[PDB]
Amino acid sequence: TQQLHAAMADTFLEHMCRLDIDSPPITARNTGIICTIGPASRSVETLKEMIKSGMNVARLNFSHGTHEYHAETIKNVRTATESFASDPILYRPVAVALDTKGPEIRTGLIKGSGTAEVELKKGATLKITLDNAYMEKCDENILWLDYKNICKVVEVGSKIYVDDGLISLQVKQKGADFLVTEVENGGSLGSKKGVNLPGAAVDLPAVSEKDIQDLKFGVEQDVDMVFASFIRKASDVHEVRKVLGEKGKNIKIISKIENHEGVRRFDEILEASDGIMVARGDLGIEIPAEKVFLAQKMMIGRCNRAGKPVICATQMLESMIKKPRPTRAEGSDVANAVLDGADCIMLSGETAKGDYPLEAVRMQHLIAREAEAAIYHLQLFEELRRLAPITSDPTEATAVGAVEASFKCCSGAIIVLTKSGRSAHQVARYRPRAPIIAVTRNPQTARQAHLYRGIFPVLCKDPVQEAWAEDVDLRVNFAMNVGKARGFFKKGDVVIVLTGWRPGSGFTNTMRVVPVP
């Protein structure tokens, strides 16, 4: 068959026994792919080849680089995207996302050099002086950190992790100026590395003065979304929404869960956020590493029940930084993220600094296409419906009804006509197997649609005819030509179209089953 022999079972155990590797995919990719842009992927020549490989969102990590650096790669990103803006049938939009530095704590300058590297010995002594004079004179005896209140959160007998938590220190003697530490498992040290204090209440603002600069800078560059790092409560997401103000009212706020406080208040944060990012990098240091998988599936399942997007984040094909092929564990982590119900998957250092930025985006596209097919659609569509509440919205009743018609006639796609994208988000939350072709006039809506799994946005640049009925039916024939060209369906097939009864947002209420012309 073609994936369809597995999804036709009465038990979850038999569904696994029917997973055939001789069954190829057929539909398009439903999981968006976010790649981090860096010095290995900044030229317009490579940025164009990434779009032809599967990239949908360009991420800029503002933990490094100056504004002139990020303004250049933004201009380079947009340049390589309009490289295909000629034919509007094959043109694929991509989005630009800003990543916050947040309440980060770093170390000083190792002997006044940005490339120096001291060597901690297994079991040596280390002093952590809160003074200033050694911020450019860091040797294998004294360490300088920029956290002023490091003494007002730690005590004698605490753990301290530096640079991705690879080296660890224990506090023996703790004064008020410094704190004597012993290397519990050391190695190579470096300059400006991140330090983690698991088990302490760090009182950093989580919306500092540097965050105001890059947020205001991001509004001026017209970015589509923001990844606020280290969100600990709903108060912080509210602080982000106020800083963006009226100029940035239409950009999406995605909260990065990275510490124990944010996990304990996930329901608090989700209700105030537009999306969630499972940032497993920092999260794996503040909590035990063996518990990360429990927190991941917990957040994917909760936001799936609310219809809000979540991303899987760092270290998915990390070995591909120095190798053209990933490892067996990495080939399964991406597959098991789509199966959990993730909306997008992300690449960080794999596309920013690695030696094979293209083959990493190619590998993610291959695995996600296979994982989307072997999804138990009988159990998923029933559970999400049974847990969904009774609604008075006509759009939601049309949305859930269109997905039932989608599974009934085994349709090729679901054409939805929206302007803000809200009518398209309500269809994707019920996860139809058929792709959702959301035709829009709003270029921002076309870029922001990459966050809700199943949506394939197309942007129509035609003028508007006088007869509204002719303008409505004009957007549908565009989606028929786009789907027929890209290989989604052929003439004679059956698709589902979603329209409304009046112009303006919030009126999608008619569903028609139309044959493909």
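Only residues modelled in both forms are compared. C-alpha atoms forming the largest set that superposes within 1.5 Å between two forms make up the rigid core. Residue numbers count along the first chain shown, from 1. First, how it differs from the form deposited in another entry.
- Put the two forms on the same core and the Cα of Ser53 is off by less than 2 Å between the two forms.
- Once both forms are overlaid on the rigid core, the distance between the two CA positions of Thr27 between the two forms is 2 angstroms or more.
- In sequence order, 9-28, 377-379, 502-506 are the runs of at least 3 consecutive residues whose Cα positions differ by 2 Å or more between the two forms once the rigid core is superposed.
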Contents of the next structure:
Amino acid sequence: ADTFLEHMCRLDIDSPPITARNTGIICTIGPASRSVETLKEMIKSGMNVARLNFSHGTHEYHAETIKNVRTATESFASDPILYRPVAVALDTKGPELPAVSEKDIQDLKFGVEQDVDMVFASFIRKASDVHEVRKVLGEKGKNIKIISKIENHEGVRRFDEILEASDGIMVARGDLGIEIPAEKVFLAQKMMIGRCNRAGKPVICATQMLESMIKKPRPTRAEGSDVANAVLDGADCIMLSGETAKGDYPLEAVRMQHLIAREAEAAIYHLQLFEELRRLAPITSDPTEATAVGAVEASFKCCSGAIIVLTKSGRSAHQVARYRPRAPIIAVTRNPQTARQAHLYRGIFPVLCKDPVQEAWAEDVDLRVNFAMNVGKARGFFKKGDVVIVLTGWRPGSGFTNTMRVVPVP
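Structure of the form deposited in another entry, given the form deposited in one PDB entry:
Lone chain follows.
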């Protein structure tokens, strides 16, 4: 469809969703979803990130939840083609005042010891709050991603400085609804998602998603519409709260979130996002940035099934994700943390390569690429005769991901 309007006119409620669900699903784990058996089913149904709410519970309790999450996750490790990484997120209590309380310091230190992937930092009002959280995590927690939660007016007013200091953003709509009038929160949500998309940083929408599923096996029309519109605004991930933490239908909530998010993909008009993001980006001569733009460009032309990115830290894959290709970004990494953290970005499908490093660099690249091809075929992103883009460095120890290759799927 050559216009957004025609894209809307062609939507059909009777035809099933042909496209993959490209947004992350974050689920809050509590008494209802804590057991290894429930977590297994939640992972199969689409959970990408387990969130632990440190407003409640002891460290002993959370250590057991984390252990259960990992037991459930690694139960699928025996098939590396189908294995999905699952991230762990620590959501701080925060001030209920200083940015980091005595309790938050202890909780953050515990997160470092437990090897969590990301921190959702509560009640962030300004940049210096983010830097205080960074300082507590320290040298040992330096690769842990900090997602600043915008929960009040000051957070919204000072958004630009908070965004620049953070690794990502969580929009807490319910908390914003208390301090900001109802007729304005939807504008704040749209503003913040937009600015995050422009900056290439993850944005999560949270609170008041599928709350009615705490008691019911299906959500309301309004809730489906609200979740869908967060996806269409440009959210990278959607987070579920009590629905998965303590409700009666945690597994049904994950499945419904998956269905809604997958339906919303049919309303996304991908070409416009990219053309605007390409024009708004500053003119640069950084090799990686030029290669990322070129890859997304090629992914729209030679109607590509995927952009395969070989990445150690995830950074190269994130640079591609900023431009919002339609094609999935298969991020191949040997770093387990990188694979878990990648779920924060819309359209990144991380895969953890567990094979050992080959001495000949070109053979090692070919092995990781072949692994990505098998994963893509199995997930139905592409098949034999399709073409994909492959991004790598040139030589072992390259700082740039500056090599782009157009490759037919064998």
